[PDB]
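Consider the single chain below, provided in structure tokens and representing the form deposited without the partner chain.
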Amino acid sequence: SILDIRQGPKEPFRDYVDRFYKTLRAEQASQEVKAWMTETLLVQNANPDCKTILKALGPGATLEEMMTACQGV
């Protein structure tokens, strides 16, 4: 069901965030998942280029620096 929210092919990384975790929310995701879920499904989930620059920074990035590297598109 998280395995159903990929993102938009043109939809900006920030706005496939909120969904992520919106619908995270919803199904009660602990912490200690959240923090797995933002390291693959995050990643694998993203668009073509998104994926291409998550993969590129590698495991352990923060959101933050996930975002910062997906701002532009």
Second form
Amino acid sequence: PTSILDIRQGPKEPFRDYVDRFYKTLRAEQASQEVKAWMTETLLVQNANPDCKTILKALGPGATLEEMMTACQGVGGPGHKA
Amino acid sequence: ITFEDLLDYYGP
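Structure of the form deposited with the partner chain bound, given the form deposited without the partner chain:
What follows is the entire complex, opening with the chain shown before.
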């Protein structure tokens, strides 16, 4: 049994992959909807990797998920075969 | 962002 607290972005993991894992685990978490909102508002940025965390903090709390994805595109990457 | 934002993004 996993916990949302256990979900952290990998050192080179694409932000898009991490958000998907965060979402899947949060859906299964046993907590109120109000708490799930708070977990998303705080833990998603807090448990991002250092390079994405910097970017997300700069964007600020008004940013949309789509905007966060665009800002973190290619961080850790670009993940093409050599 | 909120949990509802994740639901919208990956859902309905």
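Numbering follows the first chain given and starts at 1. So that the term is clear: the rigid core is the largest set of C-alpha atoms that superpose within 1.5 Å between two forms.
A.B. asks: On a rigid core superposition, would residue 38 pass a 2 Å threshold for CA movement between these two forms?
C.D. replies: Yes, the C-alpha position differs by at least 2 Å between these two forms.
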